[PDB]
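As structure tokens, one chain now follows by itself in the form solved without the partner chain.
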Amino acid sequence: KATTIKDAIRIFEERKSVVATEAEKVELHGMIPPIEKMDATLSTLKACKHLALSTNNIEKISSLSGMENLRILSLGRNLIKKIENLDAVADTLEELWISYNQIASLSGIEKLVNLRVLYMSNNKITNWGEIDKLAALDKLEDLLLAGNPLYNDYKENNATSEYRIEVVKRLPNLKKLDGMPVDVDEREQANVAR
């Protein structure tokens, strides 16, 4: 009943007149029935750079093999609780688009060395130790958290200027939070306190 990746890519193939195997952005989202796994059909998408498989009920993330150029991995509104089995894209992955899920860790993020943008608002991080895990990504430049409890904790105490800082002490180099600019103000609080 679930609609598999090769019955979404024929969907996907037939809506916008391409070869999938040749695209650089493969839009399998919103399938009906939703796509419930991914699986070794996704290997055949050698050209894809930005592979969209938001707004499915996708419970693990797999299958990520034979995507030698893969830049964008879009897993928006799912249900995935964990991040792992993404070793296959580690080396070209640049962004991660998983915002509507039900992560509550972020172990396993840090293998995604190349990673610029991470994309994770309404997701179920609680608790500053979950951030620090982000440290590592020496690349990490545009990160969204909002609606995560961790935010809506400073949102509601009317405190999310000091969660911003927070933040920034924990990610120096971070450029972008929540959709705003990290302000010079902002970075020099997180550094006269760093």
Second form
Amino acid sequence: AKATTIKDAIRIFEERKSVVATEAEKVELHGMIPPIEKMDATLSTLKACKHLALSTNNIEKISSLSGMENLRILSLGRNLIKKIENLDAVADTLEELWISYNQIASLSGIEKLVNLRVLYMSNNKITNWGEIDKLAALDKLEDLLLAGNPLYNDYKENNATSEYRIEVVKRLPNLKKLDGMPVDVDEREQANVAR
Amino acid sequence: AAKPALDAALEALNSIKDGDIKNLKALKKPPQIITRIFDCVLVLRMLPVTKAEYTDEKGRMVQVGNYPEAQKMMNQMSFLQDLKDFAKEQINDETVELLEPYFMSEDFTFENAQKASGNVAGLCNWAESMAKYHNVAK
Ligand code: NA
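Let me have the form solved in complex with the partner chain next, following on from the form solved without the partner chain.
Entire complex below, previous chain first.
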């Protein structure tokens, strides 16, 4: 009753869904009781997985994604993760990273996810625009969520969310959706003059 | 379009009166299940919830709710209208996945929550209906 291993979480998933986890396209390991604390090499058996659900656990470090040859959506929201790292093994295929409600303050390492289209990271610990500049390397990034980070809250509490959206699009000119709302043509134009 | 889910969401909010929120504030300690109900509202609104963490409630392990953040939400006089105004079309897939652990608990039902706290238990139906709306609308 301290921590659930990946192996044990897979058995719970297979009992709830009646699919062999090695065959499954969506592997649901979220919300284990007790929480998962460590990713491990059992994840390498999940060769068919396109959507790995590991949200609502107590994972502290990203690791052990080697062997997930089809992984397209990596869901790690509501864990204890501080650093974006150890993602080279899925960089060729990963299109969405869902990692809201973690403890990420630096986006160093996000640049490896060259095919990323969607990044959800509400309620993390981003405090400065220098972190958002690191996202400009992602040529396919279309959908971004920053609500609840200190940097977002700074602007929200001063009734300046419009200024915050311009700061984002200034750095990410091709972004299509921000915090669930489309980037409109007037926001792009203001961002173009600000840039 | 998912009008049965949206109809249930609106019935849920219309079942809650301002006096219900007042009386809930008057409790020194809320029933544990109501803190999880409000966590579902916090998740949909992208407000703070605490780490995954469990406590024994009537013989089952259930998530510890972030009730102080729920109180902050309830201390805004616009709270109920804010839920009526909620932009359902902006729910994303991650938010639905973060709700599912609450719905996984055998005791997380309107009947059980209503027995504990009355009309405010409608927020359980509101949260489940928003998730149902999102899953249908795509
Ligand atoms: Na009440």
